[PDB]
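Visitor: Please build the complete structure, drawing on both the sequences and the hints.
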Amino acid sequence: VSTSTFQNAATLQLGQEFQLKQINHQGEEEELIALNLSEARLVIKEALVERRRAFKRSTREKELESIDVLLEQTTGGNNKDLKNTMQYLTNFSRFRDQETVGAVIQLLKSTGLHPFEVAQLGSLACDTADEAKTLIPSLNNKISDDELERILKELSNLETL
Amino acid sequence: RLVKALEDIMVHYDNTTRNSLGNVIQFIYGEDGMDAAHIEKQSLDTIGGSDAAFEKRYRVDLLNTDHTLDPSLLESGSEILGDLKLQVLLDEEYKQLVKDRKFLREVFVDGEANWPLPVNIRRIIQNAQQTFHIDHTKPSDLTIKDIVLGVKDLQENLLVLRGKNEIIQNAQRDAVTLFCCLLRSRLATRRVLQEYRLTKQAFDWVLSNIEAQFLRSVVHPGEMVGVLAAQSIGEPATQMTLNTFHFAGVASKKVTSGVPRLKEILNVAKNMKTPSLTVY
Amino acid sequence: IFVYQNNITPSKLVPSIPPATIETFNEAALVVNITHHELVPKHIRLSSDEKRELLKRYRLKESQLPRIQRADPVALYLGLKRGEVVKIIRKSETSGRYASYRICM
Amino acid sequence: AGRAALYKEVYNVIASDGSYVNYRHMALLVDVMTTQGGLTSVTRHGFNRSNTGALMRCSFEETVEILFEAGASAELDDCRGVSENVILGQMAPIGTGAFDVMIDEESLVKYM
Amino acid sequence: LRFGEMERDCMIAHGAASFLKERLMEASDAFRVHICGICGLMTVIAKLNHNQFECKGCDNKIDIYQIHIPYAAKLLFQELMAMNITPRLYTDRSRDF
Amino acid sequence: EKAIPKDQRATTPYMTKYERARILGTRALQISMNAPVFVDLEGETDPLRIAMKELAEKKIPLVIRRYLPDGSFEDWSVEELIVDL
Amino acid sequence: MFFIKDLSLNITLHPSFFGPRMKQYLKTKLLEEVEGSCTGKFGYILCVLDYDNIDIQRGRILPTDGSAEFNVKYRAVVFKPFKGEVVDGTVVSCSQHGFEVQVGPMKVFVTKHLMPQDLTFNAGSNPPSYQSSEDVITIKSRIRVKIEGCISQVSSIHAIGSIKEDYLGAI
Amino acid sequence: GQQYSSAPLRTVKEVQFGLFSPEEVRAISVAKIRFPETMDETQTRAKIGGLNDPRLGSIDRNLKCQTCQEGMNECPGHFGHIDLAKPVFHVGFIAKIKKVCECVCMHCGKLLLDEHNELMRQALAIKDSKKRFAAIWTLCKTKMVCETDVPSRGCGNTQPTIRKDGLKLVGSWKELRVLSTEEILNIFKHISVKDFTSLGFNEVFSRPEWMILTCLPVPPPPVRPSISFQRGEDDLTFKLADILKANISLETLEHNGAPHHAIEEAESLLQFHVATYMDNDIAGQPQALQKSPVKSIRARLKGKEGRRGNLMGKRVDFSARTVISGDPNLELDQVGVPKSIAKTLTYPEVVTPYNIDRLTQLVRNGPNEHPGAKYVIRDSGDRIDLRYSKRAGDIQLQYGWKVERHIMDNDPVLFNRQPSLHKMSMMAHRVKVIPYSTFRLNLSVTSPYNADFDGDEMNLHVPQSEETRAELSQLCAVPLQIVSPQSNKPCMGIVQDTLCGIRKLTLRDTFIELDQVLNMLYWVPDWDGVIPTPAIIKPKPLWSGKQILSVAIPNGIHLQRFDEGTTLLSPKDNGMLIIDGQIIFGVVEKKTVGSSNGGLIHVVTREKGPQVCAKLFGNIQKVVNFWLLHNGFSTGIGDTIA
RNA sequence: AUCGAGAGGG
DNA sequence: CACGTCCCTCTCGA
Ligand SMILES: Nc1ncnc2c1ncn2[C@@H]1O[C@H](COP(=O)(O)OP(=O)(O)OP(=O)(O)O)[C@@H](O)[C@H]1O
Ligand SMILES: [Mg+2]
Ligand SMILES: [Mg+2]
Ligand SMILES: [Mg+2]
Ligand SMILES: [Zn+2]
Ligand SMILES: [Zn+2]
Ligand SMILES: [Zn+2]
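Chains as they are written, first to last, in the deposited numbering: chain A, 3 to 9, 23 to 73, 118 to 220; chain B, 840 to 1119; chain C, 109 to 119, 122 to 215; chain D, 1343 to 1454; chain E, 1128 to 1224; chain F, 71 to 155; chain G, 1 to 171; chain H, 3 to 153, 163 to 165, 167 to 186, 198 to 252, 256 to 318, 321 to 335, 337 to 671.
Treat the hints with care, since some could be wrong.
[Stated by the list, open to error] Here are the simulated distance ranges between beta carbons:
#	chain 1	residue 1	chain 2	residue 2	range
1	B	1043	F	150	43 to 51 Å
2	H	73	D	1407	31 to 39 Å
3	D	1387	H	212	29 to 37 Å
4	A	61	G	16	46 to 54 Å
5	D	1362	H	327	42 to 50 Å
6	B	1043	H	597	27 to 35 Å
To be clear, the hints were calculated from the coordinates, so they are not data collected in a lab. Cβ coordinates follow ideal geometry from the N, Cα and C atoms, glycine included.
Guide: This is the structure:
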């Protein structure tokens, strides 16, 4: 038995399964959900740890053993893709604590950019507006370079140590 | 052909008789939402007979010394004798009985009074006289309040289509309408205490069982009434023309107007073999 | 409404006024009112607020309703039109009164 | 008015020999042809021409011909008629199939 | 023994819905065809012991469904196909009432 | 999607003989597949008689989703459906 | 990218599990065959979020087979890489023809020819590396590659990346 | 068997009918049909990569198919194809092709009429697909010209009054023109995307240009099989080689030297094969014959036998049939099944703590012992024949296995005479295994099936699941069916022996003494074991016929009948009155105890229950018959003498 | 074996 | 101009 839902270069021409206008699980409508390599670790960690809370009713280079135990407590062993993901996410997350990540989301989401850009902006660490727009070509003609460089500045600052 | 034009025909959960498109063939199976098994040919005494005997058998005049329930049949025959706030209902009752009698004579123009309907009442009252051992001498412990109002409430609980808006409710009244005629006929306040001699317990017992034996007679949403009528019509035809030599040369109307005309009737066909105008 | 005695020129000339139903009946079939006959039951017109009601109260699609021919000897008598419904009260030998409904196809 | 005549002309050949079948059956067939607009004969053209599912009407006369004009008019079969399910090997929405059966986690633990 | 037309009619009146499917499936043909989620035919090459499914020509490898129908149906469908008639079998629906 | 709420019901409140028959059968087929018996198996072996005892105690965890012609439905729980028969 | 799709899966249950610990075994089995999965249509299913709130509705008793069936509406974190999106990744494999990068649960591959000309292959190294002017891509370095093509093979979708462009290479 | 497939399982809810495109046939085709050769590389069992398994289904049981590796039982088959050298009218769409050519500009490709005409905008309003396409063609065949305006639209070519000679079309101009397959095809292809759609067609599923076959679909072996004895292909596998023979003639006849007269012949020949191949019972035509006629695919499907007798009706496993004899010592809802039938008829019981102890005994009893079993089906599912398996003894059953065991006493079975013109002609009884090779049924259940015991034969079907079981016992049980909706009356009742002796019994002259009375009382299994105080006591304790009968009538019954002149002090024991299940007066006859509208049977089944009355049937057949045994009754020519 | 032909039974 | 009830049992001939 296989999975289903309701409803291509990487210049915002995604599949139909990842098209902006996509239906909810109640049957309404809601924007696509794109997470930056960092926003994805919290989402997973939070969900993975809140699964252990219901399984009770029945640092930097040292956090990696803290996640493995969680994965060897909740998830089944064979699920190997989740292990690599958490490892990966743990190293490449620019932002570590919820407080910072929220600000990132607060900043990026209020720019209008289509979530993929919101996602890719919070995960790829760019300096130049020229560098940001060349790595995320979905922009180019959208946000002004100056304004984008202004936004890029608040990112590097908020980069939690 | 019958079985094939009536395949998908089955009573549905709103008591509609539909097909496989949802097209409505009937709005309640057999125009009364009843099952054919719980149906029995009992008589509606409210219709045929003398206008004189109708009074005798149903009319109860509380404001009267000759036409009132003798205190020996009721518990309060002498204390209700002349009671006028109560004779209003004995009128309401006797008035709906005549509205009955004159309605049946509209539906059954020929005056035939024996037709099939659910709940054998001719039986139930008997199966209640033996059950409570009715004392043909001692009077009944029933009020006029008891009889005419128990019946009025019994009818409200004889459901066919369950619904809320007027459309369906007004087809409730319809679906039952006829059954209720037999009900009011056999639960006449004169009959209950003169010829039935019902006590209170015996009565309430008869009311509750009537309610169920009816609520049982309702056809079940699922019943394949169409593939059933088809067989019910086709079995006797195919089966009658199989017992034709049990009498050898008799012919009769086996293959004269039965098998033939029926074939005409099903195919319709304009070239009828005997076009007759029976002009009154 | 017009009552052509024996014939009418097809000079077709009928459906020609938008805010008017141009009806036609003959004198021959009107001699005896057909609606008085034993087998012809009460046919009742349905208001556009009654039809829209009966269709939702019986949860119906318009197609699913039993249909009455446009030229039905009774559909003309009542001057029916396409889409009009007509409740039909016949005296049945099982319920005494049975409500049926037909839409004018 | 005709529906009654149709019935009366159906009952009149039934009440002779084997003189009883219950109104309902006759009235249903009778109503079957009736509730269309006019007389819809019980014959491979009379009723079989309806808007029923394609396979249904092919189970009675004009069998290959029907399936032809079905695929030619790009017909679609509802899959609501008994015949359809019979041909497809599925429980037909017929009595014991007219409903579906489900288990609510609620009940299963109300009697845990 | 032949459980023929008339016998079907009888069980229909009974409403024995799933006993009828048992009659005409478990006790008769009844086959597991692999239909396509877009074409709707047996074309789903079923290499199931390697677990590959394809309706090349529709170039499909996920939208596959195994379905229970009489082999007589499977044949009847193929036969109709042999006469350039497509009986696309669909698990979903698009009408209602 | 659409569906009907349990306060707007309108179908016959008793159990259709076809429902009763398919529920006694359904549970029997499930009971005979080693499914948990929610009733007090009082010296029973037959998986139908267990289901008949389960339907007599109304301890059957099944809901009949009665489909009306318009596509929409209204579930009735086995334990809430009267069993006149 | 790394999305959250509102998914739904049709799991079938034998009647023996029709007890109290059923919803548990429904979720248990939902994740059993979804958690560490991948598809390509939706991409690498990674972790079903919001375990607690997980609808199961009423399960349909299959016709002539007691088992019930449920459409288990859920929500999960997934991952479908795209042709043209840059991703930073850890170097894992390293060949003579290229080197593989471990980005998320999948491995993006880089060809020697997709690397800038000056990057020469260095076979002479315990960890085979790609020495050059300044960079030296070793067996376990961090690289930022641009996905060029996506292939979906069974329960895994690999890719092919390049670092020949600008703002691409080491960290 | 059939292995497990990951694929989800669904039911079919929509069946989309349409038409293949020549391009979709080329798409799905697992192998191009190039040769007409049967399957003869060297006539080896290895078939030819040209026809039969160039990749389609398998021809040999010991051979996996070249596409889906499953081979034989599992291989759906895989369609091929053969690119037609020249387009060909479809036999069935032949007339529908004409009806279109009559409607459209055979030159312009646009409709002969459009929305500017009052009747076309009327006919076009009809969204009934087929009634519109009829209302269009009616008023389109007439106007025979591509108009240019008449208040522009659109070249003007007059249209031909088309007729058909059979497989080809012609139209008159004023010109005898035999309308071409491609020319029509070229007209149809140019038909406005929206024009043909409003003509009763479809944009994706049923384009008109597909009523003309540019690429034929080849069905795989399983459709046109081949069996050995040496081999011999199927009447349609032949017909295909015939079509391919007719094509390869055109393929080369038109490639090189084009002689036009020959080209215009082998084409009409090919058109013939493609025509009869689908329908060989055509209008005109000779109707082809191969060494004869030939089997048209349309003939496979024609009503009565041929998916109406392959799908509307099947032959079925778990079935039986034998001579039926009548039993007065059986119960109404029973069927005496011969032992042998119950050793061949099985039921897949599932192993469970409830039955595991019974089940393993059967297995040990095996397929020879009456209360035994035949097969055991494991977790893995492969069948284990208890007649030949070595481990047929030390076999240990597991929970959740299936023990295809013999049908035993009191299983539910479907029983039926064959003129199945009745809901009642198929009933469910309790099995009661018995000796001798006759089905035995209670004499009162004769009238439903209309069975007598004179060379009469009855079928028996047996459920396989516990739900179809309950479905039979909760709906189709014989006592459940005692009162019919047909005539809203009982369809079973006392008949033959029992009836004749029950009025003989229910008399006043008819008295029963004590030695005879205690026997009668015992035969009633539901007997209260209390001797009824004798109607006559002292001269010689005697009992009335009806009096003794009453212990079988269940206390709680009240019945009332008045015949001709029946009083309250019955004159000739007239009419009938039973009060609290005891007889008051009156003789019992057909009216009392038959299937009467308000007879005893009817009253007992309503006010007491279905199964209660059933036991009544037996309780009377066991007593009444017993009395007649020792009273006896005959008939000679003396009884036909006045 | 498959098609055809025929004779019986209920 | 197309239907022409239902099953079941045997015999023989390319
Ligand atoms: N040609 C037939 N088609 C269908 N059913 C038939 C046919 N012939 C007989 N039957 C069925 O078989 C039975 C025929 O009656 P049967 O031959 O047993 O004679 P009978 O009535 O006992 O004759 P007798 O008067 O000599 O006693 C009926 O039940 C009938 O339904
Ligand atoms: Mg006989
Ligand atoms: Mg006989
Ligand atoms: Mg005979
Ligand atoms: Zn496909
Ligand atoms: Zn294959
Ligand atoms: Zn033009």
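Visitor: Holds or violated: the 46 to 54 Å window for the beta-carbon distance between residue 61 of chain A and residue 16 of chain G?
Guide: violated, 35 Å
Visitor: Note whether the CB distance of residue 73 of chain H and residue 1407 of chain D lies within 31 to 39 Å or breaks it.
Guide: holds, 37 Å
Visitor: Is 27 to 35 Å a correct range for the gap between the Cβ atoms of residue 1043 of chain B and residue 597 of chain H?
Guide: holds, 30 Å
Visitor: Between residue 1362 of chain D and residue 327 of chain H, does the C-beta distance stay in 42 to 50 Å?
Guide: Hint holds: Cβ distance 44 Å, inside 42 to 50 Å.
Visitor: Could you see if the CB distance from residue 1043 of chain B to residue 150 of chain F stays within 43 to 51 Å?
Guide: Check failed, 27 Å falls outside 43 to 51 Å.
Visitor: Does the Cβ distance between residue 1387 of chain D and residue 212 of chain H fall inside 29 to 37 Å?
Guide: Check passed, 34 Å falls within 29 to 37 Å.
Violation of the numbered hints given earlier is confined to hints 1, 4; the remaining hints are satisfied by the structure.
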